[PDB]
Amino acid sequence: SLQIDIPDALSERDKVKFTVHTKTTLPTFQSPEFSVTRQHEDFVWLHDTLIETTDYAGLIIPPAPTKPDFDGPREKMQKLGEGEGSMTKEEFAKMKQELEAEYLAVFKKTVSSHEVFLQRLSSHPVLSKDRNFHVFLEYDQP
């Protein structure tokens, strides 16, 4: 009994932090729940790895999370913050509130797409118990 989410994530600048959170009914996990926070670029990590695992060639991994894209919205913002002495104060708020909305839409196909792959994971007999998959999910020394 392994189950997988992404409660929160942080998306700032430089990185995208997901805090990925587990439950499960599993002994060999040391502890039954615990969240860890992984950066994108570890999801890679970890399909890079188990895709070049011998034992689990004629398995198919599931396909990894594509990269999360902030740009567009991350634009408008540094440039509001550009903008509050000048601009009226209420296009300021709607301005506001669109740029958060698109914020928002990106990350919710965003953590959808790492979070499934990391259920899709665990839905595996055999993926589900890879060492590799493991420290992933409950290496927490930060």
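Throughout, rigid core stands for the largest set of C-alpha atoms superposing within 1.5 Å between the two forms. Numbering follows the first chain given and starts at 1. What changes on going to the form deposited in another entry:
Just a single entry of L26, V44, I51, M87 exceeds or equals a 2 Å CA shift between the two forms, which is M87 (rigid core superposed).
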The other form holds:
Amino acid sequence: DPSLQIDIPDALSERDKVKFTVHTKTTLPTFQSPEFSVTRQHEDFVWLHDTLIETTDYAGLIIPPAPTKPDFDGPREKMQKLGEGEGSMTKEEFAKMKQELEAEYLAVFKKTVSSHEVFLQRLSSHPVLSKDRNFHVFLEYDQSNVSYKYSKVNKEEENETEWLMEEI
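Could I have the structure of this protein in the form deposited in another entry, to go alongside the form deposited in one PDB entry above?
Just the single chain follows, nothing else.
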């Protein structure tokens, strides 16, 4: 519990995408840093869940259900219809309806952020699953901690003796 604390402090709704800031505070020796944040989308959560489900060792374990898919269709439909009718409304009527629209966006955000956040928090509190290496990668993988492995061989007789590849 206290050893690995995860939250989603903010999220972004775009026309074609929803992004979550995943923020971690940890004392665990395994992590590069004690505090860090990454950006993740729903499909990354689904990947993590699928990976844990397919892990043989975790048979007989209760895996936290995957988050629900983010759906901003409702608010975005109302946003369009409100735009169509802007000419037919007073300043005060329009602003009221913009308030209700923003209240609906807020309710959707609240529900989907909680769904994604709880999933990670349940993993963080599981004595076994909190150690999973894919879970670790989900939380901290970033351009800043990319590592590269360099290899070289002697030549004879085709220069072309070196290899580079990213490693986790």
